[PDB]
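Engineer: One letter stands for each residue in the lines below.
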Amino acid sequence: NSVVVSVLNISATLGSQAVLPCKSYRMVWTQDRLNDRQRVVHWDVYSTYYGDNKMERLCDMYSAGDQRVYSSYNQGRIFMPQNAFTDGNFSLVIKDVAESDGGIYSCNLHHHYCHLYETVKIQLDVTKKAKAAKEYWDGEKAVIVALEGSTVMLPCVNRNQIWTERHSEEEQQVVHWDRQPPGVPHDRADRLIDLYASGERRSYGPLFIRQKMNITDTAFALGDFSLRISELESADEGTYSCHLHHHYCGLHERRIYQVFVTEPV
Amino acid sequence: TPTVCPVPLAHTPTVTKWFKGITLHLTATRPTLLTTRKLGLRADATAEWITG
Amino acid sequence: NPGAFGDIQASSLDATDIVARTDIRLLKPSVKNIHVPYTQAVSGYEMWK
Amino acid sequence: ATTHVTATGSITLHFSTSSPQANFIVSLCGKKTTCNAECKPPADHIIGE
Amino acid sequence: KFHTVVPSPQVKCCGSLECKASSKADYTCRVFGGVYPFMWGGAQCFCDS
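Protein chains in written order, with my numbering: chain G, 31 to 295; chain L, 38 to 89; chain Y, 188 to 236; chain D, 35 to 83; chain P, 631 to 679.
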């Protein structure tokens, strides 16, 4: 079931042209014949202890890939359970912690195809005395304190269906432009036009209105599903709905526009 | 296209005791590939197939 | 003795009290669903057979 | 490699050797000292550590 | 020839539990934290791992 992104009242004028801007560059479909089928996660530390005070990437996991350590030392020190890729527990383990190792950690997720990314922030500290070695939660971040050289764990788990493995067949991202007939309540529209990720478009109703219902030929690619209705008629009067669903990314959204034909004034 | 795939985890063997050696009671149900090699100058590469 | 004749022993056929050892080791959960992966040696009865 | 020091304290140490004749010289802080003993082979004789 | 017993596992949600032995022959028991429970009905219970 989709979720109403927004509801807008459209004062469409008879004879003139009206535009429904339903679109999202996030919904953009990959143009190359090889649509991205991989996702990446990584860990990066920003330790101000370094005079360079830059952010350095400890390691990164690639979907269906092989674990690869950026440097020559984090191997053994950094443990990223391979099976956890299915579990989603993208946690990090340090064997020994030095005074130069404490700082700011960040676990980041990136996905090119879905164009969805996330970041979570954590703090690590090291002390010579275990008396002050105690974790605490700051709401916006977590602070870890542990003895020098002691094994420590940093949790990064999202528990999301998209980020866990699901080799589902890539259902075409359905897009539906459906207009409620005149004097009809919402959710009772008949599909004016249907758009598939493959680029095929299914037209409904008269062909002349579809031609005047200008839609960019690259809408399935660019995602510009905005509906441009020209030579407005009383028949076109009624609410419009722009539904989008992406099974692979799992997105489901709908935009409702109260399109009423108004005579020129 | 490359993609993740599953593979079985065989019944781990039992390590026994033998002076200057080792005796392994290998247990399996289907054909499996075993191999080992000395860590010294001599490779001493050894490979074998075990059915049961 | 796992993997040998008489691995499972009992005073009588329908004895509630039994004694046996056949090297069962539990495996950690490793998949989406709830599952108990168990690893054990082959039964010794069929072996002797 | 290092440890606390008290006025008259005594402390233990963990070590390893490649010979059964455990005779050698060890230095505490700056000072040296001789120390000797004999070692026995172990019961377990296969380890990868 | 024997048959292994695969009883329904115990799940303690977002809390703790301890193993207990059983008089059954060749019995085995073991706990595991950070479980990942899923089922056709879905995540059996809820807490952040």
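Hints are computed from structural coordinates only; laboratory data are not their basis. Treat the hints with caution; some may be incorrect.
In silico DSSO-like pairs for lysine-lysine, Cα to Cα no more than 27 angstroms straight-line [to be verified]:
1) Y/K215 / P/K650
2) P/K642 / G/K164
3) P/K642 / Y/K236
4) Y/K236 / G/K125
5) D/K74 / L/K57
6) D/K74 / L/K54
7) Y/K219 / P/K631
8) Y/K215 / P/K642
Engineer: Next, verify each hint and record whether it holds.
Structural biologist: Outcome of the hint check:
Straight-line distance between C-alpha atoms of Y/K215 and P/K650 comes to about 17 angstroms, which keeps the hinted pair within the 27 angstroms bound. For the hint linking P/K642 to G/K164, the alpha-carbon distance of about 26 angstroms falls within 27 angstroms, and the restraint holds. Straight-line distance between C-alpha atoms of P/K642 and Y/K236 comes to about 43 angstroms, which puts the hinted pair past the 27 angstroms bound. Only pairs whose Cα atoms come within 27 angstroms are accepted, and Y/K236 paired with G/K125 is rejected, the gap being roughly 50 angstroms.
Straight-line distance between C-alpha atoms of D/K74 and L/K57 comes to about 17 angstroms, which keeps the hinted pair within the 27 angstroms bound. Under the criterion of a C-alpha separation no larger than 27 angstroms, the hint pairing D/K74 with L/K54 is consistent with the structure, at around 19 angstroms. For the proposed pair Y/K219 and P/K631, the alpha carbon gap of about 33 angstroms is over 27 angstroms, so the pair is violated. For the proposed pair Y/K215 and P/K642, the alpha carbon gap of about 16 angstroms is at most 27 angstroms, so the pair holds.
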